[PDB]
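Asker: Below are the chains, spelled out letter by letter.
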Amino acid sequence: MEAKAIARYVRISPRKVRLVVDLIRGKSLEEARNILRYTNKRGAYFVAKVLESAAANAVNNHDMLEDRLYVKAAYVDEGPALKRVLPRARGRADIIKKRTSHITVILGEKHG
Amino acid sequence: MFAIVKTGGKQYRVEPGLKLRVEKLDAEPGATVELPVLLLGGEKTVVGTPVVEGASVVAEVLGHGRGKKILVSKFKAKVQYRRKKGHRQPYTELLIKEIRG
Amino acid sequence: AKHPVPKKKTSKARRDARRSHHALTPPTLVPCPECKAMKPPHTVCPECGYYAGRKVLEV
Amino acid sequence: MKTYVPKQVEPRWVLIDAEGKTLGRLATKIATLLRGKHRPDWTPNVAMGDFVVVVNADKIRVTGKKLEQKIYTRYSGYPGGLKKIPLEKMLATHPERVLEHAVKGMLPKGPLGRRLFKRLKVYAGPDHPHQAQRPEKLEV
Amino acid sequence: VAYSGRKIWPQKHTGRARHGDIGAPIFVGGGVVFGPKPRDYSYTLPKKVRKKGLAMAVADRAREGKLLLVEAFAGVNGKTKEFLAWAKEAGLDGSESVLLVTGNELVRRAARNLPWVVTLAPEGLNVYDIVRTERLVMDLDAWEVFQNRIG
Amino acid sequence: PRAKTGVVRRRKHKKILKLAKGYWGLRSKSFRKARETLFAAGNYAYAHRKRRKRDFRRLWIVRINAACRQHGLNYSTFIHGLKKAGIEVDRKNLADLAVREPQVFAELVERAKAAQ
RNA sequence: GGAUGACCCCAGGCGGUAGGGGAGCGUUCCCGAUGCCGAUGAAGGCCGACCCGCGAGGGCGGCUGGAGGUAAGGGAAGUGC
RNA sequence: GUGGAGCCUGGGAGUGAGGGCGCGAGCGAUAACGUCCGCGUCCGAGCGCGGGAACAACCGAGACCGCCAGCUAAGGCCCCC
RNA sequence: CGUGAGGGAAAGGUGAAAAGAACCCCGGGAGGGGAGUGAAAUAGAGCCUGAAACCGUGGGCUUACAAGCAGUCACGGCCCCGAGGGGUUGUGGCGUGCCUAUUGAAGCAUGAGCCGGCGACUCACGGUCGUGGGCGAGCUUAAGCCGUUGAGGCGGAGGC
Ligand SMILES: [Mg+2]
Ligand SMILES: [Mg+2]
Ligand SMILES: [Mg+2]
Ligand SMILES: [Mg+2]
Ligand SMILES: [Mg+2]
Ligand SMILES: [Mg+2]
Ligand SMILES: [Mg+2]
Ligand SMILES: [Mg+2]
Ligand SMILES: [Mg+2]
Ligand SMILES: [Mg+2]
Ligand SMILES: [Mg+2]
Ligand SMILES: [Mg+2]
Ligand SMILES: [Mg+2]
Ligand SMILES: [Mg+2]
Ligand SMILES: [Mg+2]
Ligand SMILES: [Mg+2]
Ligand SMILES: [Mg+2]
Ligand SMILES: [Mg+2]
Ligand SMILES: [Mg+2]
Ligand SMILES: [Mg+2]
Ligand SMILES: [Mg+2]
Ligand SMILES: [Mg+2]
Ligand SMILES: [Mg+2]
Ligand SMILES: [Mg+2]
Ligand SMILES: [Mg+2]
Ligand SMILES: [Mg+2]
Ligand SMILES: [Mg+2]
Ligand SMILES: [Mg+2]
Ligand SMILES: [Mg+2]
Ligand SMILES: [Mg+2]
Ligand SMILES: [Mg+2]
Ligand SMILES: [Mg+2]
Ligand SMILES: [Mg+2]
Ligand SMILES: [Mg+2]
Ligand SMILES: [Mg+2]
Ligand SMILES: [Mg+2]
Ligand SMILES: [Mg+2]
Ligand SMILES: [Mg+2]
Ligand SMILES: [Mg+2]
Ligand SMILES: [Mg+2]
Ligand SMILES: [Mg+2]
Ligand SMILES: [Mg+2]
Ligand SMILES: [Mg+2]
Ligand SMILES: [Mg+2]
Ligand SMILES: [Mg+2]
Ligand SMILES: [Mg+2]
Ligand SMILES: [Mg+2]
Ligand SMILES: [Mg+2]
Ligand SMILES: [Mg+2]
Ligand SMILES: [Mg+2]
Ligand SMILES: [Mg+2]
Ligand SMILES: [Mg+2]
Ligand SMILES: [Mg+2]
Ligand SMILES: [Mg+2]
Ligand SMILES: [Mg+2]
Ligand SMILES: [Mg+2]
Ligand SMILES: [Mg+2]
Ligand SMILES: [Mg+2]
Ligand SMILES: [Mg+2]
Ligand SMILES: [Mg+2]
Ligand SMILES: [Mg+2]
Ligand SMILES: [Mg+2]
Ligand SMILES: [Mg+2]
Ligand SMILES: [Mg+2]
Ligand SMILES: [Mg+2]
Ligand SMILES: [Mg+2]
Ligand SMILES: [Mg+2]
Ligand SMILES: [Mg+2]
Ligand SMILES: [Mg+2]
Ligand SMILES: [Mg+2]
Ligand SMILES: [Mg+2]
Ligand SMILES: [Mg+2]
Ligand SMILES: [Mg+2]
Ligand SMILES: [Mg+2]
Ligand SMILES: [Mg+2]
Ligand SMILES: [Mg+2]
Ligand SMILES: [Mg+2]
Ligand SMILES: [Mg+2]
Ligand SMILES: [Mg+2]
Ligand SMILES: [Mg+2]
Ligand SMILES: [Mg+2]
Ligand SMILES: [Mg+2]
Ligand SMILES: [Mg+2]
Ligand SMILES: [Mg+2]
Ligand SMILES: [Mg+2]
Ligand SMILES: [Mg+2]
Ligand SMILES: [Mg+2]
Ligand SMILES: [Mg+2]
Ligand SMILES: [Mg+2]
Ligand SMILES: [Mg+2]
Ligand SMILES: [Mg+2]
Ligand SMILES: [Mg+2]
Ligand SMILES: [Mg+2]
Ligand SMILES: [Mg+2]
Ligand SMILES: [Mg+2]
Ligand SMILES: [Mg+2]
Ligand SMILES: [Mg+2]
Ligand SMILES: [Mg+2]
Ligand SMILES: [Mg+2]
Ligand SMILES: [Mg+2]
Ligand SMILES: [Mg+2]
Ligand SMILES: [Mg+2]
Ligand SMILES: [Mg+2]
Ligand SMILES: [Mg+2]
Ligand SMILES: [Mg+2]
Ligand SMILES: [Mg+2]
Ligand SMILES: [Mg+2]
Ligand SMILES: [Mg+2]
Ligand SMILES: [Mg+2]
Ligand SMILES: [Mg+2]
Ligand SMILES: [Mg+2]
Ligand SMILES: [Mg+2]
Ligand SMILES: [Mg+2]
Ligand SMILES: [Mg+2]
Ligand SMILES: [Mg+2]
Ligand SMILES: [Mg+2]
Ligand SMILES: [Mg+2]
Ligand SMILES: [Mg+2]
Ligand SMILES: [Mg+2]
Ligand SMILES: [Mg+2]
Ligand SMILES: [Mg+2]
Ligand SMILES: [Mg+2]
Ligand SMILES: [Mg+2]
Ligand SMILES: [Mg+2]
Ligand SMILES: [Mg+2]
Ligand SMILES: [Mg+2]
Ligand SMILES: [Mg+2]
Ligand SMILES: [Mg+2]
Ligand SMILES: [Mg+2]
Ligand SMILES: [Mg+2]
Ligand SMILES: [Mg+2]
Ligand SMILES: [Mg+2]
Ligand SMILES: [Mg+2]
Ligand SMILES: [Mg+2]
Ligand SMILES: [Mg+2]
Ligand SMILES: [Mg+2]
Ligand SMILES: [Mg+2]
Ligand SMILES: [Mg+2]
Ligand SMILES: [Mg+2]
Ligand SMILES: [Mg+2]
Ligand SMILES: [Mg+2]
Ligand SMILES: [Mg+2]
Ligand SMILES: [Mg+2]
Ligand SMILES: [Mg+2]
Ligand SMILES: [Mg+2]
Ligand SMILES: [Mg+2]
Ligand SMILES: [Mg+2]
Ligand SMILES: [Mg+2]
Ligand SMILES: [Mg+2]
Ligand SMILES: [Mg+2]
Ligand SMILES: [Mg+2]
Ligand SMILES: [Mg+2]
Ligand SMILES: [Mg+2]
Ligand SMILES: [Mg+2]
Ligand SMILES: [Mg+2]
Ligand SMILES: [Mg+2]
Ligand SMILES: [Mg+2]
Ligand SMILES: [Mg+2]
Ligand SMILES: [Mg+2]
Ligand SMILES: [Mg+2]
Ligand SMILES: [Mg+2]
Ligand SMILES: [Mg+2]
Ligand SMILES: [Mg+2]
Ligand SMILES: [Mg+2]
Ligand SMILES: [Mg+2]
Ligand SMILES: [Mg+2]
Ligand SMILES: [Mg+2]
Ligand SMILES: [Mg+2]
Ligand SMILES: [Mg+2]
Ligand SMILES: [Mg+2]
Ligand SMILES: [Zn+2]
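Chains A, B, C, D, E and F, in that order, give the protein sequences.
For the first sequence, position 90 (counting from the first letter as 1) is numbered 90 according to UniProt numbering, and the numbering increases by one without interruption.
For the second sequence, position 47 (counting from the first letter as 1) is numbered 47 according to UniProt numbering, and the numbering increases by one without interruption.
Take the position in the third sequence, starting the count at 1, then add 1; the result is the number in UniProt numbering.
For the fourth sequence, position 75 (counting from the first letter as 1) is numbered 75 according to UniProt numbering, and the numbering increases by one without interruption.
Take the position in the fifth sequence, starting the count at 1, then add 56; the result is the number in UniProt numbering.
Take the position in the sixth sequence, starting the count at 1, then add 1; the result is the number in UniProt numbering.
Keep in mind the hints are simulated off the structure, nothing from the lab.
There could be a bad hint or two in this list.
[Unchecked claim] A short list of chain C residues far from chain A (calculated; beta carbon distances all over 12 Å):
hint, residue
1, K3
2, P7
3, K8
4, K10
5, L25
6, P47
7, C49
8, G50
9, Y52
10, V60
[Stated by the list, open to error] Derived, one-sided and incomplete: chain C residues facing chain A with beta-carbon distance under 8 Å:
hint, residue
11, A24
12, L30
13, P32
14, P34
15, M39
16, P42
We put the CB at the ideal spot given by N, CA and C, even for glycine.
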């Protein structure tokens, strides 16, 4: 049995969040909660919301138990980029990509 | 008992019970052929000079086939020369029946 | 200067090998001896306001 | 019929008294033994030669004026860093290096040849520590 | 094409490839090289060939037994079921396609809607239609004009 | 009528790409690099099936030579003696004999010394 | 040889840039077609260590797809990166 | 002397920057990886193969495909090989 | 975009039907998870198909004494599907990218970041040869006219 949550179109760059996601892959729900809580990265606010949402789904829709939950899989895919103009010297216009993430957390139960 | 036989410009060490692919022989599937013997070894040793007069190896042809395709490709740089050929070498499958020493 | 510039595109292999040092180390945490909540060592506990066995702070 | 390939074999240890032998003419034989080419099941992509122990390397011989004129060479990578050390001096300081260096150049370059060279065990003076191996003495 | 003739950017020193106008066929949106233009595919095939051709085609059906001449068409007075009756009686069950040639308008109307029937006036007899169909059926009056045309 | 590229080019590229399975980086990933890699690959294969014929015979010879010297002669002598004796067993076979069948190999050695 | 490009047999030629010549493959469209294949699944996509072909290619199978496709023989080109 | 010989009529070209080497000269300095002719060759187009450490034109030799068979060529046969 | 004359884009498709997802759950929201609709929901509106480059998670094999146009030939190890095949690659052998231009390029000479799509020998009229047919001291019609409405015929002026 598995419970999942996907946060789509989060306005933060995939490479930045993955770094935070990698910190909790395989951890117990409790450990992951601590880690995010004292991870000094913006990404942590977002991963924490997907975790907690998956956890809720586990308990409320899928008949799993909070105390047995662990991050079975987590990954960050890239959404569509926001393209923005960054004006440079000499008439040049650069294009900044303000990138976008779809964050997935999947919880399982660590039985016995 | 083993024999060293010669078929298809090539030489093989055969023992009875052996299946062997050789160059294509002109003999119906199910036929039986006599291969020449160049050397017999095992219990007794007899040495052809080059073949041994009395001996022959008896083979039943199980069938004839085509080898898995080998692509033969040719390329020369800077000259737009390219060639691609598919090659399947024909062969015969033999079961080695007996060594008539 | 004369505007140096990459000579070849970096391979996926190379790029990712540069990143072999990029993994975050998780926050170091110890239990608060008063309320058992996990926290950074050497900090006043933000769950209960306790540090050095006493109440330091309203939380 | 495919050509025979040997399964792993137990390597044979061998012992050679270098005393009075001609450096180069000994080295070629040591090389053959290390490649394993005296063996009828020689296979070029596995180490399956002998381990070779040599003793009395300090008593190797050399013809002509080579003790004075043969120069060994080492490059450090630094400006002016080419050291030239002559046979005489090399024998007087690291005698086992003379045979070692000659055999090394007669082994293949590559991962295997490097490994083959580790199977050579050269000693100045009559003794060696490979008693446990009970190396078979060879006249060559 | 609709674009202007301005050279889009200077010949040299831009770091880009040289171009002229964006109508050039090398641009998405540009013109097409050697595309089709309005055309006349017709040509005057020799008259004798058409003639010899007509005749051979009718000849070919004749040699097969598939050419049938008829005097008149019974009761066919412009109704499909009428032609259908007559046809059955004439050996045309509709298992074989028929090029029906007659000047009787009343007969063409009756037969035209049948999937297996192509109708023509005799002035229209032509080899594609004969060759497209399995059986050739003609009025004598039709057969008469065809004989005058292959003369 | 118009005949747009359509389906045709993707299909040629997949063909080549599929042959390039296994190659490093863009060599299995980019049609262009794959195709380059393949030109080289086909020529090597051709060249190398030629030299496999040589690679093996060199091996047979090193093996025969080892087996000869156990009986006190060299490869060159052994081959001349075989010739003179009229023995035509080839080196692929002489080699299998030398390893799998020492008694037979010995006898051929004998005929070879004797034949000179 | 047999009569005819049916296939067998013997022999010989077969490195190639510019370039000449020959034979084919595939794309879009037309006749074939008021037909035929098709929801028991069109085209298209993704796989395949299978079959045919020297090759370009063509089959066949599984998955995807969900409404089209189109033979033998011919015809015509916005036809192959 | 039956050869991818020759000759005749016609269709289609491409080429009209060559280069190394050997021999014969001129020019140059009995210089040049020089230059300019002649006869030949090879590379060009044989940057396919063996030898020459490596190397278009030096030596060996003209690659239709396959073989875990045999004989040689130049060059080699102490080890690398 | 340009003072202006003037330049001048991109951008189509849920489903048969909105039945366009009530209500609950996490969340500030966005987003998701259930529930529900539908033949189908990786048809959920950022909607048919959904290739490729590109980014990731999971697994098999492999890699920290090794020298490399990245392959190829050989053998052996491991993993997989079941005298065989497939994947992987340790060691050994061999090995100077593609295209262009050149006497000659791996060349330290040009061009190309990669991928998809667009992208260059045609058409008319005349000519010249060849070729498939028709007629042959003859061959052939043009414009037009009649017919048809994807039907053909007439038309001899004229041309060779
Ligand atoms: Mg931190
Ligand atoms: Mg909860
Ligand atoms: Mg400004
Ligand atoms: Mg950029
Ligand atoms: Mg950017
Ligand atoms: Mg065969
Ligand atoms: Mg074979
Ligand atoms: Mg090239
Ligand atoms: Mg090359
Ligand atoms: Mg080229
Ligand atoms: Mg060239
Ligand atoms: Mg080429
Ligand atoms: Mg400067
Ligand atoms: Mg600088
Ligand atoms: Mg400055
Ligand atoms: Mg700079
Ligand atoms: Mg640079
Ligand atoms: Mg990259
Ligand atoms: Mg990666
Ligand atoms: Mg790097
Ligand atoms: Mg504590
Ligand atoms: Mg020895
Ligand atoms: Mg070898
Ligand atoms: Mg020392
Ligand atoms: Mg080497
Ligand atoms: Mg305009
Ligand atoms: Mg215009
Ligand atoms: Mg306009
Ligand atoms: Mg203009
Ligand atoms: Mg203008
Ligand atoms: Mg202008
Ligand atoms: Mg310029
Ligand atoms: Mg640039
Ligand atoms: Mg440009
Ligand atoms: Mg540019
Ligand atoms: Mg320009
Ligand atoms: Mg232009
Ligand atoms: Mg212009
Ligand atoms: Mg324009
Ligand atoms: Mg247009
Ligand atoms: Mg347009
Ligand atoms: Mg165009
Ligand atoms: Mg044009
Ligand atoms: Mg144009
Ligand atoms: Mg045109
Ligand atoms: Mg018109
Ligand atoms: Mg025309
Ligand atoms: Mg006309
Ligand atoms: Mg009808
Ligand atoms: Mg019909
Ligand atoms: Mg179309
Ligand atoms: Mg195109
Ligand atoms: Mg297209
Ligand atoms: Mg395509
Ligand atoms: Mg292509
Ligand atoms: Mg495709
Ligand atoms: Mg294709
Ligand atoms: Mg690989
Ligand atoms: Mg790759
Ligand atoms: Mg890559
Ligand atoms: Mg890729
Ligand atoms: Mg290829
Ligand atoms: Mg080959
Ligand atoms: Mg070769
Ligand atoms: Mg000896
Ligand atoms: Mg001989
Ligand atoms: Mg022999
Ligand atoms: Mg040719
Ligand atoms: Mg021809
Ligand atoms: Mg042609
Ligand atoms: Mg066909
Ligand atoms: Mg095509
Ligand atoms: Mg075609
Ligand atoms: Mg059309
Ligand atoms: Mg129709
Ligand atoms: Mg239809
Ligand atoms: Mg049906
Ligand atoms: Mg259905
Ligand atoms: Mg289906
Ligand atoms: Mg199609
Ligand atoms: Mg289509
Ligand atoms: Mg296919
Ligand atoms: Mg399909
Ligand atoms: Mg329809
Ligand atoms: Mg069709
Ligand atoms: Mg057709
Ligand atoms: Mg037709
Ligand atoms: Mg075009
Ligand atoms: Mg002739
Ligand atoms: Mg000729
Ligand atoms: Mg000629
Ligand atoms: Mg032409
Ligand atoms: Mg010209
Ligand atoms: Mg020219
Ligand atoms: Mg000129
Ligand atoms: Mg000139
Ligand atoms: Mg010149
Ligand atoms: Mg010349
Ligand atoms: Mg000249
Ligand atoms: Mg030179
Ligand atoms: Mg000359
Ligand atoms: Mg001379
Ligand atoms: Mg001279
Ligand atoms: Mg002169
Ligand atoms: Mg001088
Ligand atoms: Mg010169
Ligand atoms: Mg000179
Ligand atoms: Mg001179
Ligand atoms: Mg010359
Ligand atoms: Mg040239
Ligand atoms: Mg040559
Ligand atoms: Mg030549
Ligand atoms: Mg070449
Ligand atoms: Mg050479
Ligand atoms: Mg060489
Ligand atoms: Mg060499
Ligand atoms: Mg050469
Ligand atoms: Mg030839
Ligand atoms: Mg020999
Ligand atoms: Mg010689
Ligand atoms: Mg040598
Ligand atoms: Mg060495
Ligand atoms: Mg202005
Ligand atoms: Mg304005
Ligand atoms: Mg303008
Ligand atoms: Mg545009
Ligand atoms: Mg719709
Ligand atoms: Mg609609
Ligand atoms: Mg429907
Ligand atoms: Mg809320
Ligand atoms: Mg919502
Ligand atoms: Mg959720
Ligand atoms: Mg929902
Ligand atoms: Mg339902
Ligand atoms: Mg259904
Ligand atoms: Mg789907
Ligand atoms: Mg769908
Ligand atoms: Mg989209
Ligand atoms: Mg649809
Ligand atoms: Mg879609
Ligand atoms: Mg999609
Ligand atoms: Mg994809
Ligand atoms: Mg992975
Ligand atoms: Mg080392
Ligand atoms: Mg290692
Ligand atoms: Mg290798
Ligand atoms: Mg081997
Ligand atoms: Mg395997
Ligand atoms: Mg393997
Ligand atoms: Mg080479
Ligand atoms: Mg290279
Ligand atoms: Mg080179
Ligand atoms: Mg290319
Ligand atoms: Mg270029
Ligand atoms: Mg140039
Ligand atoms: Mg130049
Ligand atoms: Mg130049
Ligand atoms: Mg290079
Ligand atoms: Mg370079
Ligand atoms: Mg330059
Ligand atoms: Mg370059
Ligand atoms: Mg230039
Ligand atoms: Mg660029
Ligand atoms: Mg790329
Ligand atoms: Mg493209
Ligand atoms: Mg033309
Ligand atoms: Mg013409
Ligand atoms: Mg004509
Ligand atoms: Mg005519
Ligand atoms: Mg005229
Ligand atoms: Zn506390």
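Asker: Hint by hint, note whether the structure agrees.
Answerer: The hints, checked one at a time:
At roughly 18 Å from the closest C-beta of chain A, the C-beta of C:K3 stays outside 12 Å, upholding its exclusion from the interface. With a cut of 12 Å on Cβ distances, C:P7 stays outside the contact zone with chain A, its closest approach being about 17 Å. Taking the minimum C-beta to C-beta distance to chain A, about 22 Å, the non-interface status of C:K8 holds against the 12 Å cut. The non-interface label for C:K10 is consistent with chain A: the shortest C-beta to C-beta separation is roughly 18 Å, beyond 12 Å.
The claim that C:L25 is not at the interface with chain A is violated, since a C-beta of that chain comes within 12 Å of its own (minimum 5 Å). Not every Cβ of chain A is farther than 12 Å from the Cβ of C:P47; the closest lies at roughly 10 Å, contradicting the non-interface assignment. Under the 12 Å C-beta cut-off, the non-interface status given to C:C49 relative to chain A holds; the minimum distance is some 15 Å. Look at C:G50: its CB is around 17 Å from the nearest CB on chain A, clear of 12 Å, so calling it non-interface holds up.
For C:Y52, the condition that its CB be more than 12 Å from all CB atoms of chain A holds, with the nearest at approximately 16 Å. At roughly 15 Å from the closest C-beta of chain A, the C-beta of C:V60 stays outside 12 Å, upholding its exclusion from the interface. The closest approach between the C-beta of C:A24 and any C-beta of chain A is roughly 7 Å, which is under the 8 Å cut-off, so the hint is satisfied. Because the beta carbon of C:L30 sits about 6 Å from the nearest beta carbon in chain A, less than 8 Å, this interface hint is met.
Because the smallest distance between the Cβ of C:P32 and any Cβ of chain A comes to about 10 Å, over 8 Å, the interface hint for this residue is violated. Interface hint at C:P34: violated, since its Cβ lies 16 Å from the closest Cβ of chain A, which is beyond the 8 Å cut-off. The closest approach between the C-beta of C:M39 and any C-beta of chain A is roughly 5 Å, which is under the 8 Å cut-off, so the hint is satisfied. Below 8 Å, beta-carbon pairs count as interface contacts, and C:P42 has none with chain A, the closest being about 11 Å; its hint is therefore violated.
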